[PDB]
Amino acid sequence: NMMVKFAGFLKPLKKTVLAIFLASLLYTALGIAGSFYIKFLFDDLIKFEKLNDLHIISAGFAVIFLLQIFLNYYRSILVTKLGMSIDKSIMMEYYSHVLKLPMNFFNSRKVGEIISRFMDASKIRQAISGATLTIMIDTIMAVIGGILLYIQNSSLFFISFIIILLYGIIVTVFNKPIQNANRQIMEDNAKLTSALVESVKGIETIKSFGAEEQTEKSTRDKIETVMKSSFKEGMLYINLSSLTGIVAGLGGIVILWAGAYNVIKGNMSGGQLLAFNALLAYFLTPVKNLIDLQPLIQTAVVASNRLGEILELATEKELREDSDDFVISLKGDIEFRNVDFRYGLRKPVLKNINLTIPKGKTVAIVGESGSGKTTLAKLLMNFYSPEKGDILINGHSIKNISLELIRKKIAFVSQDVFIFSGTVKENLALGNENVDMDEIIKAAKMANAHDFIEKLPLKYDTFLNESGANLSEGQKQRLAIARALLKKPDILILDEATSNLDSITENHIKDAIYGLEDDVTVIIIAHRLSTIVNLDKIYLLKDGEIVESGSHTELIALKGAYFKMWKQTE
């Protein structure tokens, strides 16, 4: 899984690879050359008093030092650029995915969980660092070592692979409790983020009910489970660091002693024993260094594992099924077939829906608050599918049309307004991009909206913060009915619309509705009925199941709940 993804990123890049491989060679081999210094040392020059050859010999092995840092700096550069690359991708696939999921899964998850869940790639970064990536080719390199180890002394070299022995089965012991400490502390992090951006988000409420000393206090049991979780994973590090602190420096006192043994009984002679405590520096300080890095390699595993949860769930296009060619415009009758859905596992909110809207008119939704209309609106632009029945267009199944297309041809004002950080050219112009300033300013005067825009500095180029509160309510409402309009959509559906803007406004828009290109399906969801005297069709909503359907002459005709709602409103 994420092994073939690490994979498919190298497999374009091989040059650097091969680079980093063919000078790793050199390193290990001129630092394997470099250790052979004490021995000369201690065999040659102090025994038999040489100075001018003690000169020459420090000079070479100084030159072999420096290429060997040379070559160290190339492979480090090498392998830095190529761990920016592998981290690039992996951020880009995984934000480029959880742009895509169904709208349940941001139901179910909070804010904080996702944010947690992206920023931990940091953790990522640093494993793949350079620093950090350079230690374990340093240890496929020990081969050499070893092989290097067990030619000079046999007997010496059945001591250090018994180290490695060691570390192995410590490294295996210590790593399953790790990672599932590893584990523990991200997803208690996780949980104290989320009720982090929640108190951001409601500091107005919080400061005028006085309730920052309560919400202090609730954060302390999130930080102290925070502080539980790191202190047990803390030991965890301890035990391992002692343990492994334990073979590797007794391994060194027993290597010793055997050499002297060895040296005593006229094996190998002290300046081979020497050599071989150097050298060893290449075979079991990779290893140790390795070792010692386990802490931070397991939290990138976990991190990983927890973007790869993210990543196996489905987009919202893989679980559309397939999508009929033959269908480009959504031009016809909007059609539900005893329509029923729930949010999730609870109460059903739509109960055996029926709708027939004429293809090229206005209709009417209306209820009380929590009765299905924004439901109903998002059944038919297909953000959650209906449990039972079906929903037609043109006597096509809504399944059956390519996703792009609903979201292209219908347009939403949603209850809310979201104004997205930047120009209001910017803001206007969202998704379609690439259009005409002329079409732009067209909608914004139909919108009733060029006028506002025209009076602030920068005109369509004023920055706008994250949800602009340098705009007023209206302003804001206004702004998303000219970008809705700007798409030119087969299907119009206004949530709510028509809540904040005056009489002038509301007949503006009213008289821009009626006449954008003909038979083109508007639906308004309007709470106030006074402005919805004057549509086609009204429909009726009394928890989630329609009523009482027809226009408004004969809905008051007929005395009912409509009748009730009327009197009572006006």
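So that the term is clear: the rigid core is the largest set of C-alpha atoms that superpose within 1.5 Å between two forms. Numbering follows the first chain given and starts at 1. What changes on going to the form deposited in another entry:
Following superposition on the rigid core between these two forms, the residue from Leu41, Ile32, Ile509, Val522 with a C-alpha displacement of 2 angstroms or more is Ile509, and no other.
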Contents of the next structure:
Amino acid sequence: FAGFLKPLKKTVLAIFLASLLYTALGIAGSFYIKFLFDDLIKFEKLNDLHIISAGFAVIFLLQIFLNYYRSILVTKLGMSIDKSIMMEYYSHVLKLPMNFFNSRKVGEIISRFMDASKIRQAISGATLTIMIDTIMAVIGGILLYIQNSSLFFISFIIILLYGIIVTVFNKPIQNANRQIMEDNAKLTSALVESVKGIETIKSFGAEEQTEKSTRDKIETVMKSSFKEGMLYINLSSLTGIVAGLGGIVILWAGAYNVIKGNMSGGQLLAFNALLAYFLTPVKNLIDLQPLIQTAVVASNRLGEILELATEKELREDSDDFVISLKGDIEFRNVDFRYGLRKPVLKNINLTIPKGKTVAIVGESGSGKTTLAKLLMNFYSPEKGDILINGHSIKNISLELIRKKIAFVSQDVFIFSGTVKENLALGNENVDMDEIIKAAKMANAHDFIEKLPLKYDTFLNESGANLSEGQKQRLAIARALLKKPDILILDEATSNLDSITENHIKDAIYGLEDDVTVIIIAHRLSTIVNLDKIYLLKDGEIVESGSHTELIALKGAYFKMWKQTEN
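What would the structure be for the form deposited in another entry, rather than the form deposited in one PDB entry?
Left out here are the partners and the other molecules; the chain alone remains.
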């Protein structure tokens, strides 16, 4: 927080000077009730009364103008701070390891981001000014002590009671706020999941189940927040008791001093009026304390997220003295266990030549996609190395891996935007000619021409504006534009029809001359004129060779191949 406000130094100084002079003007104008009951009521003074009233009115007007200026500056400062914190949090969230996103739900992250609004409203143009008034009431307290001692000691006892009440109510408020935030995060995650699955929910008539679950979660949220409501009512009642009893006792003691001839009759009124510049800021700060505690809890949750190491993490002094990812894939002694579920990869030893198309075939439960994820550092192997062109993949920087390796995941995702934006995701500077070239290469031009617009149409949410095969064609078109060294075509041929499948398959074997294409697919319509086919029995590679070599031996590949032909 300190670093965010470091550049803005003149604003803070102007705020402090404006607040100081505002407090001085308020203290000066608080003497109106003393001047009224000492030299303007006992004697029949009229012109002096009018002059004094006008002077105090113009002093108050100057005071309120200064308050307006200070409030504007405070609002500007707070909004800048909120911008900095929110942008920093989001920029850090977009750089977390992929194992974080597979455990936590989307709703938790969305709720923890949007909880920064509570931080925004707790440092707004009111709470910060109230804190400034609280810290500046020291001058008023000093002057109030100078006026009289016993009533000042009574006010000091009131301040001590305030402090004790605040200290006692420090932990329960935080606990209640954190519980409410956690329950609200659960509710948000459940609602996001339900809205994303609404199609299945309506298809299967699951309205009642989701309604009951959300009702239970809402009940939990309301229970926690009602506990917080009682916890705040207790503090409010205690603070009101202390404030009112202090006021009554200070009035009684002032009257006692008046009777004994310690102060004049009007100085008690001056003390009472000036008490609004010593006790009222503290009472307002105490009344706003729950808001500050909520802001503290939200900031602590944001810091809990920010504590996680970034996606870089174990980069191990990368070896950027390289030009491209051209070479041999050297999966050797590779094991991966998904972090305490069960082993999936059991010592896989495979080799891919320096530029060729290879295909990985296996059962549904085999870790075929796991190899693709491991090959681009989404995860890290439990044992062994990868050795992209004789050098370990760890020594290569993550940016180069993500830039020179093209991936087509099984779950094709298209963001909401123009087809120009979708076909150019990480590029941001590719001209149009390459766009048409890639679209025609992946057979994604014919449909995109027959649209209300051309390369400018809007796509709703996760590409709901198109069909599944259409989304697959767009996604496979996008990956071609990276001009990659390794193209991991991961089941990018599932939803495509026969004519489109044949066209795109004929197009794939024409990609330049220097690219390693790993076709993770089990269509078996393709994978017939390939250099090597890798078959894995859900734990490791068992059969290697080309199509003719695999069909020559009557093994698992023969068993899979015989039923596909008929």
